[PDB]
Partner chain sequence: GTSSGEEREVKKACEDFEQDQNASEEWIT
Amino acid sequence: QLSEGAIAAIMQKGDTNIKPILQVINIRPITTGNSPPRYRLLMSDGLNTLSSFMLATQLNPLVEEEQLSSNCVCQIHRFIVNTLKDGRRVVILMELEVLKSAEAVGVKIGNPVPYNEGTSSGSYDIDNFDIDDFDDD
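For the form solved without its partner chain, could you give the structure of just this one chain?
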């Protein structure tokens, strides 16, 4: 049911027109100050996870209403990939539909490894500088 390999497709091939089915692993606000929340997401395609997702603030009602939460499965309908000054490419989710609630799925799907650290095959890349989890937690 998840679009296995879609995270690599977005990050490696630049595919911006695909509509993949992903699982939300974690949601977190970018800052905790007194301001309208802006959420970052750790998403999974079942093979890899990627933490460089931001939810467009127009979609915040999905989070405030608890429709989008950890372990739910959603389909992305529109996104763009933006690059920060330091080089990091961040996927901005603009439109999405929750297909299965967190409660309905019940559990994390598969055994995904972080995209920065490993392959879609479940193995970890050679990391001679011990740095490739820098953008994960």
Given for the second form:
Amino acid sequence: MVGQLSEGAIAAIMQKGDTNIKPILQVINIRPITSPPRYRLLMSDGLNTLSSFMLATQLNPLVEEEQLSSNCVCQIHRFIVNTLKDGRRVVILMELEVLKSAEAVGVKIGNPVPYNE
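Compare with the form solved without its partner chain: the form solved in complex with its partner chain:
Shown below: the chain alone.
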């Protein structure tokens, strides 16, 4: 159910840039970038997806132990927004808690669409 996710959080980050929210999001995909691997995440708030999430390196054990993996649901407890020269906003995830594992969720929630920058 999309009622499980923080519908509109991605739009709020993209437009207002406020970090004082603790949104509940679903991981759609993770990709490593290579030095330690740095993880880039495609997340959903049930309404939109956005692929400019970057994982802080302190959180890498969640991915390497597969606690944070595609289709899991997590709650963000601390994030930093950085706005690039061209207007894109990068979201750096500092602290998060996985609320429901990928195994338990099983599937993408809803039919979110890419945020149109």
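Positions refer to the first chain, counted from 1. Shifts are known only where both forms have a C-alpha. For clarity, a rigid core is taken as the largest C-alpha set superposing within 1.5 Å between two forms.
With the two forms aligned on the rigid core, which of the residues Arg88, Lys108, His77, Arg40 moves its CA by 2 Å or more between the two forms? Only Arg88 moves by 2 Å or more at its C-alpha.
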